[PDB]
Amino acid sequence: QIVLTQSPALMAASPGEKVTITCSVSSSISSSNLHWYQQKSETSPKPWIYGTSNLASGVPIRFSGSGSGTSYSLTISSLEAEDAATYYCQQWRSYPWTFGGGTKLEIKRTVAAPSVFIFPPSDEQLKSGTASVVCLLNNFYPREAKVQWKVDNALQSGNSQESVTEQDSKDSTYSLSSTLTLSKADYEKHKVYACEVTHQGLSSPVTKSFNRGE
Amino acid sequence: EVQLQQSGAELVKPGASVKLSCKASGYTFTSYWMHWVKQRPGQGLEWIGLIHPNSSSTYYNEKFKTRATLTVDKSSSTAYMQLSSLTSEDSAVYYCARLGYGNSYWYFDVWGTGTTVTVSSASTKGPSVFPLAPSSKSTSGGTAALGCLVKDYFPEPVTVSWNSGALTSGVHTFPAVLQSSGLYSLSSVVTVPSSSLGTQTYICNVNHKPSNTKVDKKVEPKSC
Amino acid sequence: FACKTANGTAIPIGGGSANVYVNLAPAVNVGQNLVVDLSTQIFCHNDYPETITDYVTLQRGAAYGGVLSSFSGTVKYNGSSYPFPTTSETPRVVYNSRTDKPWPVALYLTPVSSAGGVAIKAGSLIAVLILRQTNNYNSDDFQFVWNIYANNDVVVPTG
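Residue numbers (the authors' numbering), protein chains in the order written: chain B, 6 to 219; chain C, 6 to 229; chain A, 1 to 159.
If you are wondering where the hints come from, they were derived from the structure by calculation, not from laboratory data. The reader is advised that the hints may include incorrect statements.
[What the hints assert, rightly or not] In silico DSBU-like links for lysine-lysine, alpha-carbon gap of 35 Å or less:
{"hint": "1", "chain 1": "B", "residue 1": "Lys45", "chain 2": "C", "residue 2": "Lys142"}
{"hint": "2", "chain 1": "B", "residue 1": "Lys189", "chain 2": "C", "residue 2": "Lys214"}
{"hint": "3", "chain 1": "A", "residue 1": "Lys4", "chain 2": "C", "residue 2": "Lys79"}
{"hint": "4", "chain 1": "B", "residue 1": "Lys155", "chain 2": "B", "residue 2": "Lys196"}
{"hint": "5", "chain 1": "B", "residue 1": "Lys45", "chain 2": "C", "residue 2": "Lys227"}
{"hint": "6", "chain 1": "C", "residue 1": "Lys219", "chain 2": "C", "residue 2": "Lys18"}
{"hint": "7", "chain 1": "C", "residue 1": "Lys70", "chain 2": "B", "residue 2": "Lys132"}
{"hint": "8", "chain 1": "B", "residue 1": "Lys213", "chain 2": "C", "residue 2": "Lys222"}
{"hint": "9", "chain 1": "C", "residue 1": "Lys24", "chain 2": "C", "residue 2": "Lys130"}
{"hint": "10", "chain 1": "B", "residue 1": "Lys132", "chain 2": "C", "residue 2": "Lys219"}
{"hint": "11", "chain 1": "A", "residue 1": "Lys4", "chain 2": "A", "residue 2": "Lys121"}
{"hint": "12", "chain 1": "B", "residue 1": "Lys51", "chain 2": "C", "residue 2": "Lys68"}
{"hint": "13", "chain 1": "C", "residue 1": "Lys79", "chain 2": "B", "residue 2": "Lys151"}
{"hint": "14", "chain 1": "C", "residue 1": "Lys79", "chain 2": "B", "residue 2": "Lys175"}
{"hint": "15", "chain 1": "C", "residue 1": "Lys68", "chain 2": "C", "residue 2": "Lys79"}
{"hint": "16", "chain 1": "B", "residue 1": "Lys51", "chain 2": "C", "residue 2": "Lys79"}
{"hint": "17", "chain 1": "B", "residue 1": "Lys213", "chain 2": "C", "residue 2": "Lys223"}
{"hint": "18", "chain 1": "B", "residue 1": "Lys23", "chain 2": "B", "residue 2": "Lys194"}
{"hint": "19", "chain 1": "B", "residue 1": "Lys189", "chain 2": "B", "residue 2": "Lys151"}
{"hint": "20", "chain 1": "A", "residue 1": "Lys76", "chain 2": "C", "residue 2": "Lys214"}
{"hint": "21", "chain 1": "C", "residue 1": "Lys79", "chain 2": "C", "residue 2": "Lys142"}
{"hint": "22", "chain 1": "B", "residue 1": "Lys23", "chain 2": "B", "residue 2": "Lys175"}
{"hint": "23", "chain 1": "B", "residue 1": "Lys113", "chain 2": "B", "residue 2": "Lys132"}
{"hint": "24", "chain 1": "C", "residue 1": "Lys222", "chain 2": "B", "residue 2": "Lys196"}
{"hint": "25", "chain 1": "C", "residue 1": "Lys142", "chain 2": "C", "residue 2": "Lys70"}
{"hint": "26", "chain 1": "B", "residue 1": "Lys189", "chain 2": "C", "residue 2": "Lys223"}
{"hint": "27", "chain 1": "B", "residue 1": "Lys151", "chain 2": "B", "residue 2": "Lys196"}
{"hint": "28", "chain 1": "B", "residue 1": "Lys196", "chain 2": "C", "residue 2": "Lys223"}
{"hint": "29", "chain 1": "B", "residue 1": "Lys113", "chain 2": "B", "residue 2": "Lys51"}
{"hint": "30", "chain 1": "B", "residue 1": "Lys132", "chain 2": "B", "residue 2": "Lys45"}
{"hint": "31", "chain 1": "B", "residue 1": "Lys155", "chain 2": "C", "residue 2": "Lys223"}
{"hint": "32", "chain 1": "C", "residue 1": "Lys18", "chain 2": "B", "residue 2": "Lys51"}
{"hint": "33", "chain 1": "B", "residue 1": "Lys45", "chain 2": "C", "residue 2": "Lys130"}
{"hint": "34", "chain 1": "C", "residue 1": "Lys24", "chain 2": "C", "residue 2": "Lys214"}
{"hint": "35", "chain 1": "C", "residue 1": "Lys142", "chain 2": "C", "residue 2": "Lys68"}
{"hint": "36", "chain 1": "C", "residue 1": "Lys70", "chain 2": "B", "residue 2": "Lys151"}
{"hint": "37", "chain 1": "C", "residue 1": "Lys79", "chain 2": "B", "residue 2": "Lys213"}
{"hint": "38", "chain 1": "C", "residue 1": "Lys142", "chain 2": "C", "residue 2": "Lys28"}
{"hint": "39", "chain 1": "B", "residue 1": "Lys175", "chain 2": "B", "residue 2": "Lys194"}
Just chain B, with the same shape it has in the complex:
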């Protein structure tokens, strides 16, 4: 096997910012031996650079790799917003043909104010015997987010799953849904149900709550 370590998973840039996604190789491979492939989220990949300097079909002139030896780069003159995808480095020196772990090139946007919306269960969920309160963070950035679930002003752990969306194509923000799953009886037994935002939500984070049955 050939170890190929990149910038591990995280990247971020504005519409025009340089992205120096590095590709360190365990051996000093020639420029002929390196490839870059762009895969958008939940989308088929595309060849992005072949031979470390020659772009594939449809790849804009902005992308241009460089370097040799054990250091490898993908110098971008002006990264547009549409290029947000995971760029997998591939070697074709040897034949494990080890792809990289992939750098998820996200988009660095302006600091968008997160908005907290706490949704109590409907009557049908209580009829189902498995209540589930959900508090929602609609538009926010960065992804760093772990809201607090308070059950009668008491924190709970292990009963909150957070699902985060991919980068939006309109405002380049995230959405995070925090599901606190319960049962009907213990949901009924507690009246006040709150969740507290995190990250850039507020220094004293805004807590969105509801009182059950009212």
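Given chain B, work out where chains C and A should sit, using these hints.
Just chains C and A, lined up with the frame of chain B:
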């Protein structure tokens, strides 16, 4: 441009080999090299291997030896994969490609459609929608939002849509989470217009492909 | 009077040896051809063909490294065909031109029958093209050794 097609995101139980297919008879298989790769969630790509359409000769990876069998059917120009002993370590999206002839190098010039292989256990379930009443307590805020929580669904070709033909802005089909019961669950949320003027039957529907169901209900705000 | 590769490892006028890092077809099959187009990688030129009237030929070709193991091919000089490794003289192809012209050699290395596993190690010698330079001006029978090194790994896939 002539492309390569691929199957939809299929359901496979743990221990069952997939029949994932990449086919294209419009670009003359007896010209290129017909590669295969795999992308895991979070983890990066892993080169699966190659087979020649002209002569059905294969070269895989050491990690994928006796794991994936890439075959070719150049007469119909189809390529299948055999994945016996498919564990959750192999639960990943699996991609088709081929080496082009760019300068002196060869590279995955044209990709397939893509197909997600999910190796989660248990039986499939339906996407039971569940309404949320928007922030009617705020009332004058105007930016209140609602949604439908499709809990207890598996696998993930869920297509929660609002009005089923409109409301292309604001819908947030969340990725699902591995719940404690094993069955996945997602939520969709839409940001409706302000109150009073925002009187509309918000019809949320799902179409879970392997358990084909149009489970649909209208979300109507509550007056507390 | 000179020969230079695409990588910059050029041979001096008097002759000498340098590396030819060749980017290959990473998979070729038996019956198919590994066309290692050294016509796009190593080139030759004359100082002034007005009076020199150079005659530049492939006096020797040798299979070392990966090609010696499995890949047995044929050297194509100006469209002709000779048994590679080049154990015989090749007919003269002048390069009566100051401007560099892309040295029409091409090794068509079809690998041996089904070979085995991995072939042509990356960074390993592909071949040794020993070139003869002659002319009617003098007796400068000069020696140009190109050690063809593979830039990458080909496979001879099983099946």
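Comparing the hints with the structure gives:
Between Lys45 of chain B and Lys142 of chain C the alpha-carbon distance is near 40 Å, which puts this suggested pair outside the 35 Å criterion. For the hint linking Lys189 of chain B to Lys214 of chain C, the alpha-carbon distance of about 30 Å falls within 35 Å, and the restraint holds. For the hint linking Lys4 of chain A to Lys79 of chain C, the alpha-carbon distance of about 43 Å lies beyond 35 Å, and the restraint is violated. For the suggested pair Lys155 of chain B and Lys196 of chain B, the alpha carbons sit about 11 Å apart, so the restraint of at most 35 Å is met.
A threshold of 35 Å between alpha carbons decides the hint, and for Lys45 of chain B with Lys227 of chain C the separation of about 40 Å lies outside it, so the pair is violated. Of the pairs offered as hints, the one joining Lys219 of chain C and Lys18 of chain C holds, with about 24 Å between alpha carbons and a cut-off of 35 Å not exceeded. Simply put, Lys70 of chain C and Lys132 of chain B have alpha-carbon atoms about 51 Å apart, too far for the 35 Å limit, and the pair is violated. Note on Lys213 of chain B and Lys222 of chain C: the hinted pairing holds, with a Cα-Cα distance of about 26 Å set against a maximum of 35 Å.
About 22 Å separates the Cα atoms of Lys24 of chain C and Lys130 of chain C, which keeps this hinted pair within 35 Å; it holds. For the proposed pair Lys132 of chain B and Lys219 of chain C, the alpha carbon gap of about 21 Å is at most 35 Å, so the pair holds. Proximity of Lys4 of chain A to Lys121 of chain A is assessed by CA-CA distance (about 24 Å); at most 35 Å being required, the pair is judged to hold. With a C-alpha separation of about 23 Å, the suggested pairing of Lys51 of chain B with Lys68 of chain C holds against the 35 Å cut-off.
A threshold of 35 Å between alpha carbons decides the hint, and for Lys79 of chain C with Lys151 of chain B the separation of about 51 Å lies outside it, so the pair is violated. Note on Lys79 of chain C and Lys175 of chain B: the hinted pairing is violated, with a Cα-Cα distance of about 42 Å set against a maximum of 35 Å. Between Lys68 of chain C and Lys79 of chain C, the direct Cα distance comes to roughly 27 Å. Compliance with the 35 Å bound is thereby established for this hinted pair. Simply put, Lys51 of chain B and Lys79 of chain C have alpha-carbon atoms about 23 Å apart, close enough for the 35 Å limit, and the pair holds.
For the suggested pair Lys213 of chain B and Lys223 of chain C, the alpha carbons sit about 25 Å apart, so the restraint of at most 35 Å is met. A threshold of 35 Å between alpha carbons decides the hint, and for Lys23 of chain B with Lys194 of chain B the separation of about 54 Å lies outside it, so the pair is violated. Distance check on the hinted pair: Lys189 of chain B and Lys151 of chain B sit about 25 Å apart at the alpha-carbon level, within 35 Å; holds. Only pairs whose Cα atoms come within 35 Å are accepted, and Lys76 of chain A paired with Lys214 of chain C is rejected, the gap being roughly 57 Å.
As the CA atoms of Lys79 of chain C and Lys142 of chain C are separated by approximately 64 Å, the hinted pair breaks the 35 Å bound. Restraint check for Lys23 of chain B and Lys175 of chain B: satisfied, since their Cα atoms lie roughly 21 Å apart, inside the 35 Å limit. Under the criterion of a C-alpha separation no larger than 35 Å, the hint pairing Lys113 of chain B with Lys132 of chain B is inconsistent with the structure, at around 43 Å. Of the pairs offered as hints, the one joining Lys222 of chain C and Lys196 of chain B holds, with about 27 Å between alpha carbons and a cut-off of 35 Å not exceeded.
Only pairs whose Cα atoms come within 35 Å are accepted, and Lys142 of chain C paired with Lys70 of chain C is rejected, the gap being roughly 61 Å. Restraint check: the Cα-Cα separation between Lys189 of chain B and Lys223 of chain C comes to about 23 Å, which is no more than 35 Å; the hinted pair holds. Distance hint between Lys151 of chain B and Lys196 of chain B is fulfilled; the C-alpha atoms sit about 23 Å from each other, no more than 35 Å. Restraint check for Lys196 of chain B and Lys223 of chain C: the C-alpha separation of about 27 Å stays at or below 35 Å, so the hint holds.
This hinted pair checks out: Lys113 of chain B and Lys51 of chain B have alpha carbons roughly 23 Å apart, not beyond 35 Å. For the hint pairing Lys132 of chain B with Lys45 of chain B, the CA-to-CA distance comes to about 41 Å; that exceeds 35 Å, so the pair is violated. Under the criterion of a C-alpha separation no larger than 35 Å, the hint pairing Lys155 of chain B with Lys223 of chain C is consistent with the structure, at around 30 Å. Taking the CA atoms of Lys18 of chain C and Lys51 of chain B, the gap is about 30 Å. The hint holds against a cut of 35 Å.
A threshold of 35 Å between alpha carbons decides the hint, and for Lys45 of chain B with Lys130 of chain C the separation of about 29 Å falls inside it, so the pair holds. With a C-alpha separation of about 17 Å, the suggested pair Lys24 of chain C and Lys214 of chain C falls inside the 35 Å cut-off, and the hint holds. About 57 Å separates the Cα atoms of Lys142 of chain C and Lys68 of chain C, which puts this hinted pair outside 35 Å; it is violated. Taking the CA atoms of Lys70 of chain C and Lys151 of chain B, the gap is about 41 Å. The hint is violated against a cut of 35 Å.
Taking the CA atoms of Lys79 of chain C and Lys213 of chain B, the gap is about 60 Å. The hint is violated against a cut of 35 Å. Distance check on the hinted pair: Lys142 of chain C and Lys28 of chain C sit about 55 Å apart at the alpha-carbon level, beyond 35 Å; violated. For the hint linking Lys175 of chain B to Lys194 of chain B, the alpha-carbon distance of about 42 Å lies beyond 35 Å, and the restraint is violated.
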